[PDB]
Amino acid sequence: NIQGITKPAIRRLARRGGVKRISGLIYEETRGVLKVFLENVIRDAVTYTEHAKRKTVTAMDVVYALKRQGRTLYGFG
Amino acid sequence: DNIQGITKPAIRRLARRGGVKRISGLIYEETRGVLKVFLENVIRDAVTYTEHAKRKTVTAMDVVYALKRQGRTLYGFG
Amino acid sequence: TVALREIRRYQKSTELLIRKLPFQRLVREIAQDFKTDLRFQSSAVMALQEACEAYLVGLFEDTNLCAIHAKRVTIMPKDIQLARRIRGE
Amino acid sequence: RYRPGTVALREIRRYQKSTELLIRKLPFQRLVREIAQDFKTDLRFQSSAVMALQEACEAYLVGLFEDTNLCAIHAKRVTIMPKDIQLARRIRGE
Amino acid sequence: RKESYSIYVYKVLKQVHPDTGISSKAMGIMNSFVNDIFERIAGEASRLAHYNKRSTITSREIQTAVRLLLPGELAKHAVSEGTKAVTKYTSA
Amino acid sequence: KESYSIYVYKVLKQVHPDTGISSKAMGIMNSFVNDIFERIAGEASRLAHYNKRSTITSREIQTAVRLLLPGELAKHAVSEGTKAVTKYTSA
Amino acid sequence: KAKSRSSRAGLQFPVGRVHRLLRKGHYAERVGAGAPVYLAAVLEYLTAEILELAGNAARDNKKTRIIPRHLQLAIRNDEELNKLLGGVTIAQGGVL
Amino acid sequence: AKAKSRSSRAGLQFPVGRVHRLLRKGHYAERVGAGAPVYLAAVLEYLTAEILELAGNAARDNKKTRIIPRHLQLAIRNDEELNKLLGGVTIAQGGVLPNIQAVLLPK
DNA sequence: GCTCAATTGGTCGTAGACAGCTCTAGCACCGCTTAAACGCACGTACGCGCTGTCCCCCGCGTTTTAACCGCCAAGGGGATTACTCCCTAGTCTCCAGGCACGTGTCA
DNA sequence: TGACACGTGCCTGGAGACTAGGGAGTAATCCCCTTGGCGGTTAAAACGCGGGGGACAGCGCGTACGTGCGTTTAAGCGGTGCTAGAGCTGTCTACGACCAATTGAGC
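Residue numbers (PDB author numbering), protein chains in the order written: chain F, 25 to 101; chain B, 24 to 101; chain E, 45 to 133; chain A, 40 to 133; chain D, 30 to 121; chain H, 31 to 121; chain C, 13 to 108; chain G, 12 to 118.
FYI, nobody ran anything at the bench for these hints, they're computed from the structure. Here a beta-carbon is modelled for each residue, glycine too, at the ideal position from N, C-alpha and C. Each hint should be verified, as a subset may be incorrect.
As the list claims (entries may be wrong) - Just a few of them, taken from the derived set where beta-carbon distance is under 7 Å, the chain F residues facing chain H:
(1) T71
(2) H75
(3) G101
Claimed, not checked - Heads up, simulated EDC-like pairs for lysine to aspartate or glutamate below, C-alpha to C-alpha not over 16 Å straight-line:
(4) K122/A to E97/A
(5) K82/H to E64/G
(6) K59/F to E105/E
(7) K79/E to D68/F
(8) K95/G to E102/H
(9) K64/E to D106/E
(10) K91/F to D68/F
(11) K91/F to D48/D
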């Protein structure tokens, strides 16, 4: 599904970062880096979900996975 | 004016341990300014700990704790 | 000419920049390898998206300076690789 | 006479193999008091505390030079220059 | 019951800006912020209490935790506010 | 005082029966053990309250180990952790 | 007749609830009476600090409710709040 | 009635009772179930043996017979797992790995 | 509107505030020795400024496809509840693991 | 050669036992929010054309860096001297934990 992260979206995100001009090869590297970040967070999240014996992953599991990885996120509780 | 006692050879030997082959002549003063700040940040913590305990002699475990707070955990002295 | 005005618009604006459905399918694809037939609460995907886009925005902000150091205008793959190396990722 | 840049490699291979402290002891010993006197007068110091400070500082500087050399490599230079330190520190977050 | 700091943030906002309202989203941000810093201070005070081998948390521990945790000006004001509070509370 | 200095020696004798250890490296080992102890106990302490439980059971240690340790350390550490517990309860 | 301890210190934040958290949090086995008053005073000061800048931002925008964009515009402009919350990121906060 | 240690029961060298007491007195929870210290002691003993194996191998690889901090540093930075766990540790007298960048070697 | 948790009153166990004593090691000074830092010199390697050129990105247009909206079904599992019991803290005894202090010989 | 290894006295940290009681393992009913499906439209994504700007290889050149011999200076090692102060001991009372009854801030 990783080709579902469209080239326009990557362009918009880099524009929010202030990049004026973007090389044609950046897209596959950006997809790889996004995928390894997601995999790490999802692994920790599911580890909390399993220890709680829940079947639904909650927003608290994501908030805790992000905090343990060292990046505090406010707004979701 | 003891900060000059970190001599140019010492900064060269340190940069050599990091693999740096060639060094521009302004690197020394920037290195001294960087070190001064890092020292002040560590000592300000250590002296806060020494004062809260009402000791006067600053003790090595105080510095171990200062480093542990600043994320640079040091093994061996405690 | 337009890219600077685009930069202004997207920094002034506050919407999410990745379409929802593809990101949601990607998340459910990934999760399957760790446990089968999970469910995701509605806000969990929003929390993941709000993390990942901000992470990339920060990575691109660092990449921009990594490019300017080379006296380049354009960012290239090795700029991202340097950024991650110095960041210790 | 060796030509330039060969001895630097032998120096690196030595100083990466050895473990001795590279800063002179007594000057740093004086420097620590000349700083700390700003925070309290008539402070007194354990010898171990100064040795710990020295170990931490040398580790920090070597850690910063290891990152700083990558900036020089990325610009296809071999000379490190102050803007390399500035960039490295700005990315690292300090 | 979903106990919260929100009804106190309301009071502080009214004191600072009597015309100004607040959205539920900013309230959730503020409540999470307070539930963060409370834990950071109490944890750091805990470590100070154990490194001295003391049974008791006292205002000296909270004061030194604040001095270590908060940057310069925030600490400099906050210590004066806490000292004024604890004195006037002792006066009653 | 208290230290682990008997037990690290007892392990060295099992794993390298010629070799000795300097007290200067003994101190490093002792601090390393205290560090890992405090990490594991901290994270086990979180899971109890995240689940609104009063106790620490073996499940909390198992999960904190799985979260903190990397995968290939975690699989074996968990494996013989359950081995040790199974021996204990069967003895 | 009871007069709540917050009112004795003149704080808004609840010295009761804060002392309940300090006791129930297993931080230490005993908690002396100055701790929760001091802690409530500090938290109230920090709340007033953040709200003041958020309201100033809303006023400059010619709006009247502070919204998270205004909070990010506050925190990222103060040279010391940006050190306290340097790692924290704000949902919908955007960038400068 | 002859006392026999819980470590001997568990087949462990590390002190199970001392771990149990450190947990009980550490304020980590209001209760500490009977299986927690055996598991934690086994985990610690595994990691200790994993370190000391690599240290002994580095001793032989340097024809020394006494482990010293250099050998610990090499035991740690020469493993992709131990280095990920010991990310923040600085080791006194430990020195560094030999790793010159290939860009800088002679033409 | 109304309830459960914060307030006031009392008991009382103890640990930490005060005073004494001590013997460690941090501070100060004398001298001898010489490792290391400082200074001056010049040769040449590298960084920096300039030109020509090129191919690949930016910007515009039409197509097209699936993201989105909104309404309708339904049923899995998060949530709360009442019962129970077996687990773990408190106490007491009594005994041996390992802790200061000593000694010596070989990596 | 002086740090680690083996030895000794000894004492308080661990282990075996019973009591007491409440945390959470258990089995049930619930209902709400998650998953599935429909029409459709029109916002955004995709494919082509066109080109001129940014990237960059070859080149010139000179000044900034390095490698070396000589001078010296303050660092390093050892000796005596000492008394401030960390650390342990003995005392005892200020105060903070626990129970109850009450009622109003908060939900």
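Taking the hints in turn, this is what the structure says about them:
Satisfaction of the interface hint for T71/F is found here, the shortest Cβ-Cβ separation to chain H being roughly 6 Å, below the 7 Å cut-off. The criterion of a C-beta within 7 Å of any C-beta in chain H is met by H75/F, whose closest approach is roughly 4 Å, and the hint holds. Restraint check, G101/F versus chain H: the minimum CB separation of about 13 Å is more than 7 Å; hint violated. For the given pair, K122/A sits about 21 Å from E97/A by alpha-carbon distance, which is inconsistent with the 16 Å threshold.
Annotation: proposed proximity of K82/H to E64/G is violated, straight-line Cα distance about 41 Å (limit 16 Å). Only pairs whose Cα atoms come within 16 Å are accepted, and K59/F paired with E105/E is rejected, the gap being roughly 19 Å. At most 16 Å may separate the alpha-carbon atoms for a hinted pair to count; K79/E and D68/F meet this at roughly 12 Å. As the CA atoms of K95/G and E102/H are separated by approximately 12 Å, the hinted pair is consistent with the 16 Å bound.
Only pairs whose Cα atoms come within 16 Å are accepted, and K64/E paired with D106/E is rejected, the gap being roughly 26 Å. The suggested pairing of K91/F with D68/F holds, with an alpha-carbon distance near 11 Å, which does not exceed 16 Å. Distance check on the hinted pair: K91/F and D48/D sit about 36 Å apart at the alpha-carbon level, beyond 16 Å; violated.
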